[PDB]
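First up is the structure itself, then whatever we jot down about it.
Only one protein chain is missing; all other protein chains are in place.
Letters A, B, C, D, E, F and G name the chains as they come in the text, with residue numbers starting at 1 for each one.
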Amino acid sequence: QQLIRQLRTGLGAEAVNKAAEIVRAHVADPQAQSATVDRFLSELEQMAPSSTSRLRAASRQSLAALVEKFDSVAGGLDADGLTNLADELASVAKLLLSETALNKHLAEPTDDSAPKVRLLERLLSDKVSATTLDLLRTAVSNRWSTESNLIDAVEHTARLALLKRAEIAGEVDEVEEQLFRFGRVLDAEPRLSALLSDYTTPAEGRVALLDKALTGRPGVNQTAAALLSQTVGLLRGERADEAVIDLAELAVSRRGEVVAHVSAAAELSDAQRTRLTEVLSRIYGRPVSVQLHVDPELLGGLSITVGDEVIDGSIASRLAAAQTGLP
Amino acid sequence: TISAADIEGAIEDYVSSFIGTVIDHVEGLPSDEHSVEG
Amino acid sequence: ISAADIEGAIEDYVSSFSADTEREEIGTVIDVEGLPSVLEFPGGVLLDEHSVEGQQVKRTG
Amino acid sequence: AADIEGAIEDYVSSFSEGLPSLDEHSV
Amino acid sequence: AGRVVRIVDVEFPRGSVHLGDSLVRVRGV
Amino acid sequence: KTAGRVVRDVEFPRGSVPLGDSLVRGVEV
Amino acid sequence: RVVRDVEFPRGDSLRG
Partner (left out) sequence: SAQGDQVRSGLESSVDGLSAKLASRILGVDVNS
């Protein structure tokens, strides 16, 4: 049997190796790549459908209320007003982060919030516009599980304002594309992301670095530039690439869609893109947005990933599974 | 927005101005800092 | 030795080799985040809301 | 990546409780 | 109704509950 | 590069780690 | 004033 086991192992090894060579040769043609992608899309069609997450109950509900109030207020606010609101809210968030004593008193749970409103108004009623102060008082009125959730809600409202002005201009697609490109480049260079994520370094210096190095280029969307500058400035021990990924995810989620970091071997034909979007939307219920990565080792197929679920169709993964099946 | 020493005064005023709730411990009752459901 | 059976073993193995992609849930070692509906680790090595370095972890289901 | 490297080196050079020279908080 | 959070802590609607924050003592079931 | 620095513990760039937060003052490691 | 501890105007300068 030991001779039999050795014979099986060796024969399987040779067969799998030369089969891998055969696959590498056959898929090398772009038409073969497209055929594999189409087969995977058909399989996904055959596949059956499915069946603010770091926030506690009180903070979840309070942020929901603040977001709804912002949507109510900003429905009639214009692009310049939106930019002013976003800048003001970013400034207020920086103020809270710097002045911890003020933050704790503004974010302490209470049954009557009148003292909070009095503090806010007697503090900065005139320094900021009416909409900014209205949102701030709505935010402090509610109950936050942790005092940090207050700053989170403030920066979230500011981000929503910037995404709203993006919508008003019409560059939602372009701003989301810029955000995802920025996230990819930050991921590819962990050293820069580590440098920017350090809050202990002055925030303004980091904003200047991002402007002069990455965000300042002829082909950078203004909204994406401002939004990343805001996020990097108001950073609290959060890795920069994670922050920009959250930015892009929120930007898409405003439209009800979801990020699908599809990775392919080559750019998908527009018909393939529509097919993929449709199939993924029907699988996961709500519509989705497809973001393409290109990696030669995939040898065709698609390695889809949404949230926490991965559908690994790469031919390389299939080959590896073949090489792990030999007795 | 500008941070100025006046805010250090403002907080004091707030503290001067300020029924309990069973958090799990009771919050409120100003008359540790966090606490002494529903 | 009856080499026919030795060849036939691998013939059976390769035939009916269905590695059809299956929707799977993965997490990442954090110091294991993810796996909301919860495990294999690379090399065959085999619980609150926040978590259950950086390597991918697959649940055996 | 030439521009980004130049800019980041420029910034870090310019940049270069307390007593940086034990944790990111204090000694 | 409530859902499991930790494994056993159970989150519940605000007024239909005791660790506080509506909690008591597979995820999301 | 892939060169860590002393924090307390050594902090390495993500992906280059040989404690979470990529950990395992400021002198290269 | 007293919080827990006594808080004085300016760890970090440390009911009512």
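Assorted remarks:
Keep in mind that, in the parts below, a contact is a pair of C-beta atoms (placed from the backbone, for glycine too) under 8 Å apart; a residue touches a chain by one contact, two chains touch by 3 or more.
Contact with the chain that does not appear here is found for just one residue of A:22, A:114, A:271 or A:294, A:22. Even with one chain removed from view, chain A keeps its contact list with that chain: residues 3, 6-7, 10-11, 14-20, 22-23, 25-27, 35-36, 39, 315, 318-319, 322.
Listed for chain C, the residues touching the missing chain in the whole complex are 1, 3, 6-7, 10-11, 14-15, 17, 19.
Methods note: only the chains that are shown with their structure count from here on.
Chain pair with the larger contact count among C-F and A-C is A-C, by C-beta pairs in contact.
Averaged C-alpha coordinates put the centre of chain A at 26 Å from the centre of chain F. If you average the Cα atoms of chain A and of chain G, the two centres end up 41 Å apart.
One simple way to say how far apart two chains are is to compare their mean CA positions; for chain A and chain D this gives 27 Å. Residue positions 36 of chain C each touch two or more of the other chains.
In chain E, the residues touching two or more other chains are 21-22.
Across the complex, chain A meets chain D through its residues 189, 192, 195, 200-201, 205, 208-209, 212-214. Contacts from chain C toward chain A in the complex involve residues 1, 3, 6-7, 9-10, 13-14, 17, 19-27, 34-36, 50. Interface of chain G with chain B (complex): residues 1, 3-4, 9-10, 15-16.
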